[PDB]
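Asker: Please model the complete structure; the sequences and the hints are all you need to start from.
Here are the chains, one letter per residue:
There are 2 protein chains.
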Amino acid sequence: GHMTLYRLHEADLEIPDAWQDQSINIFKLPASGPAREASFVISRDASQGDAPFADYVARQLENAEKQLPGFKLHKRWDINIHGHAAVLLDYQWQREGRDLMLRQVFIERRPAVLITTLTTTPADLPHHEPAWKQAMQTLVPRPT
Amino acid sequence: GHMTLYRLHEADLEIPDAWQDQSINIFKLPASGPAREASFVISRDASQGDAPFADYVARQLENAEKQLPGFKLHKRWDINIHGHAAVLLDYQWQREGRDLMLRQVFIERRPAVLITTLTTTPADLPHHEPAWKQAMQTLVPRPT
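Chains B and A are the protein sequences, given in the same order. Each residue of the first sequence is one higher than the last, beginning at -1 in the entry's author numbering. Each residue of the second sequence is one higher than the last, beginning at -1 in the entry's author numbering.
For the record, the hints were derived by calculation from the structure and aren't laboratory data. There's no promise every hint is true.
Copies of the same chain are indistinguishable here, so a pair counts whether it falls within one copy or spans any two.
When the alpha-carbon atoms are kept at most 35 Å apart in a straight line, the in silico DSBU-like pairs for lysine-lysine are as follows [what the hints assert, rightly or not]:
| # | residue 1 | residue 2 |
| --- | --- | --- |
| 1 | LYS131 | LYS70 |
| 2 | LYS64 | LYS131 |
| 3 | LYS73 | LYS131 |
| 4 | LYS70 | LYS26 |
| 5 | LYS26 | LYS131 |
Answerer: Structure (structure tokens):
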């Protein structure tokens, strides 16, 4: 019965290694002036396998580009977060006639890639950018 | 400026206090033989405010009685977890025509009540109970 100590903001507990982790952190960013609410989500992706991280990211981008109606890529930036390889994508797509803007950062880690996703709109992105940037600039991956 | 250090299993980051936390930790307990896969989910509820914890828990029970078809309380347990007030509610309800067995623990904390929920069927509860129990017996709430 192998177990590992799992850390959350409010507690620690021992989780059996056999349990599948699908945890997701979700934060609602309040509306401000003209801008509506947005979301900032931290998710995990255990599917990298032994693929090079660049290839993992290319796969992620392909999926978005081929699956989201109205997809348009605005930015792709290779960046470094505390030694961890990372890629930021800014892209928009159209959901129910409305344009959504995503700023998504993939952060290489084992056993699972850590992804942060800001969901907003093209006009609201500059309004939420300062708060997004302050959170992302303070994100320190834990050693595995 | 106005932020707080937020801890997750894979990282730490500063989160603006204005952001609303909706985070969910999700664990799937593997199927085994005739027992199907169960889920163990950690959620947060910031609606207690300055109300007594007993009243908060009473409201949850009233919500369950009024909103969940087929709701039936098996057993309520008032317990202490490392000095934190907690209530375990074992109950069933009828979701989309079939019965589910829940073991749901509410743990008083600020700024948000920490909730753990085991979801299974009545037939599978005895199989999953040992691992659930053990996990919960290791849960240590983190000081605010």
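Asker: A separate judgement is required for each hint: does it hold in the structure or not?
Answerer: Checked hints:
1. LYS131 x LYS70: within (21 Å within a copy, 47 Å between copies)
2. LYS64 x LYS131: within (28 Å within a copy, 43 Å between copies)
3. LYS73 x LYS131: Answer is within; shortest intra-copy Cα gap is 15 Å, inter-copy 47 Å.
4. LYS70 x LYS26: both (24 Å within a copy, 33 Å between copies)
5. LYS26 x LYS131: For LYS26 and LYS131, both the intra-copy (15 Å) and inter-copy (32 Å) Cα distances are at most 35 Å.
No hint from the list above goes unmet by this structure.
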